[PDB]
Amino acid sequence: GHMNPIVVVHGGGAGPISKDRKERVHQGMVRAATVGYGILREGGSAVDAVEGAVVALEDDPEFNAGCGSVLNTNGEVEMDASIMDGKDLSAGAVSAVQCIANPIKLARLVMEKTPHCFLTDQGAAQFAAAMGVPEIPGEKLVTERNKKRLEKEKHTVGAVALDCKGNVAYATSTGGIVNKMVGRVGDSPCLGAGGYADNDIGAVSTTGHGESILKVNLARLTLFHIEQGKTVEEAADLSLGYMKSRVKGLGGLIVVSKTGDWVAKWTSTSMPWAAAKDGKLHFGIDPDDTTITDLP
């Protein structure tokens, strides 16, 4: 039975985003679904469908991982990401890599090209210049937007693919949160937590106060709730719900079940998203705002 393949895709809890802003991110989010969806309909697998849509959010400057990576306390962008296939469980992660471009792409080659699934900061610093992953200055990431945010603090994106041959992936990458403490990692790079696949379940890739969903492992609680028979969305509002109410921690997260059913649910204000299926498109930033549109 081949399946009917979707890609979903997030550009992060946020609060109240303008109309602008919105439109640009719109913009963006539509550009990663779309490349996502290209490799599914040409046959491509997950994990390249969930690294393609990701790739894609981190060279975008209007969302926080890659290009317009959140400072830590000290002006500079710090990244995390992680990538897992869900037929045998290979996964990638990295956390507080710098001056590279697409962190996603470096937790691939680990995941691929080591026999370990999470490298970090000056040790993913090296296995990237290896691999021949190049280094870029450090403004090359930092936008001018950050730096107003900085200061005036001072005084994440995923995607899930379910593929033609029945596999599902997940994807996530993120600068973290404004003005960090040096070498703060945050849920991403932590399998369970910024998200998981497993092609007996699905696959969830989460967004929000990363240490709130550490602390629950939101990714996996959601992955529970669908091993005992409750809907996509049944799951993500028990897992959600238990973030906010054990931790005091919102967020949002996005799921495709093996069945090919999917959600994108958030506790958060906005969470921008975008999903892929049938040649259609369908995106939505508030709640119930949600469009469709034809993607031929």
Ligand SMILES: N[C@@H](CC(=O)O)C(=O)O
Given for the second form:
Number of protein chains: 2
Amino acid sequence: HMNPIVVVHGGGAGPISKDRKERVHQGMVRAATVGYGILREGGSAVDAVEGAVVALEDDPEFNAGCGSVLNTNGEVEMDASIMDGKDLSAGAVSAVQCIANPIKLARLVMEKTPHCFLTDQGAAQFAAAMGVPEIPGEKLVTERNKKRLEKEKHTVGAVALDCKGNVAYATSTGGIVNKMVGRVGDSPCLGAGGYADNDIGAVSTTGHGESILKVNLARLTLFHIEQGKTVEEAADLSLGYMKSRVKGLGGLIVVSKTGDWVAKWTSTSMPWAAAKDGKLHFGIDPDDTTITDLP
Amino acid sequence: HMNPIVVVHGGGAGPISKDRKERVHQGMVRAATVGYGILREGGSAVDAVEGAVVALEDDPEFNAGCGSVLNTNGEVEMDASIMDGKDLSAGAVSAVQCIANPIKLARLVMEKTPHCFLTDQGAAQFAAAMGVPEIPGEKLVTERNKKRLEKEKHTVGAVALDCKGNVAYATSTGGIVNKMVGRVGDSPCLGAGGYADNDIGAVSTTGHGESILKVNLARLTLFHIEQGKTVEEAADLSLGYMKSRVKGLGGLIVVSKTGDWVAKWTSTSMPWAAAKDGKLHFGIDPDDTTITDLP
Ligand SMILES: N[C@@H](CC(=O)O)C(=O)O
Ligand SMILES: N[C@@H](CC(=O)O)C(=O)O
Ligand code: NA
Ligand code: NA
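Having seen the form solved without the named molecule, could you now give me the structure of the form solved in complex with the named molecule?
After this comes the whole thing, all chains and molecules, with the earlier chain placed first.
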């Protein structure tokens, strides 16, 4: 049986407030442990990535679910995708409003529809039909995101490997601040915001969404892994190509089917945490990584 | 400088009857003629692919624009995307309504916004801003498509290389008949419905969208070329993979950076056409190709 692992991220970005680092760090910690606790029971890779991401959606320090950034209209529209590495089954939603957990809906699309990707109004209709509570549009909006929008008006994810050796990813976001209405980035798009294949590995992405789409970052990262590269080498190859070809910056987390894993980025920062073998790992800035025992 | 070449497809299909087959011919020659016309006239691969698909969008005989299949509530929902190989510039729309030419709307996304993908409500507001006409949904609904919907309950593309060596793809669709409200297929998804890259080539795909999304069919084809497989070898294996892994059928058109091209499909039939060196290649069933002179 495979030594299970979960990696998590809370979004590529620039410099982060030191005080905020503590809310983010604890955010990372709680999502990774949630993830590892679901795996602990011998739970599935899909379960673990879904659970990890639900936690980060509910945590207002991260741009997904509650605390999602605001579009040009000062409003929240969310993107999500989830993928099962066994049969490449996938679920995705784009442009969804006034709901707690985009990733759960994405999982609802994967499991309770013959499709893989629902959008905007039909995603809203699907949500209702599945008994997803509509939560007030103001409970997702925070004051710090309001001050983010005003200045400009003048993403979370997880990968897992379960005890049976399956891999999965989950990525969730409110997008980029001051985005057009109905803008869809890479997060809900298979191959871009993440990919998962048992014959290679699983990936969740973050960074400049258009650029991530343009280069199909998640799959590319795996193209390099098939071709015999280490998880690190491949991550640097893929992010380096996104920087070199289209001048976009980003980050990613990845676990291979051998359970070798890495977080690597070309944004200034990328909060990440991984749980493997009863230890929790954490980082924000490159070459600055701490490790603690995980009960 | 290179000889220009356009390849169009009219989508994967089951068996095609007598009447439909010849009508398919006419639409395909029109579109290949418009695209090639553009190419012989110093126009871009992007202009060529856009022109071809518009032709097939306007034509009620094809599943895109006028003549789109209807969703679960008798309404036309359309996806389209376009991509330029030079820089990986791209645009796309998903679940758009009440407009004749979603591919034209996809081009504006590329060239007028800083976004690559719009959906539904957002897409409509950007259409209104760009002056795209707002016709009633019914006028895109044909009589044939009314019939198939009541019967179910009980895609078009173009790739071009230009004289300047730019490659592009376009893909447009009405989706699949009786699709859930707001279901999004491969067609507006870079790497799925298509991919253009001046340094490899361009692919446009068709068939069961959910399969195409999962395997990233278009980008997968281009990967094979990158390994040194020829364009037909590339298509054979990428389509081969969609078959074994996700149980998925469809087809593609591919053009290498150097001029080579093919149409391949694992589905029953895929209407297609090509134009290069003053010749028109056309077929629907495997190896039925009529190579004729273009004046
Ligand atoms: N990839 C996200 C941004 C982020 O990762 O923060 C988007 O463009 O939607
Ligand atoms: N791929 C298209 C349908 C097709 O090409 O047959 C879609 O799923 O929307
Ligand atoms: Na959040
Ligand atoms: Na049409």
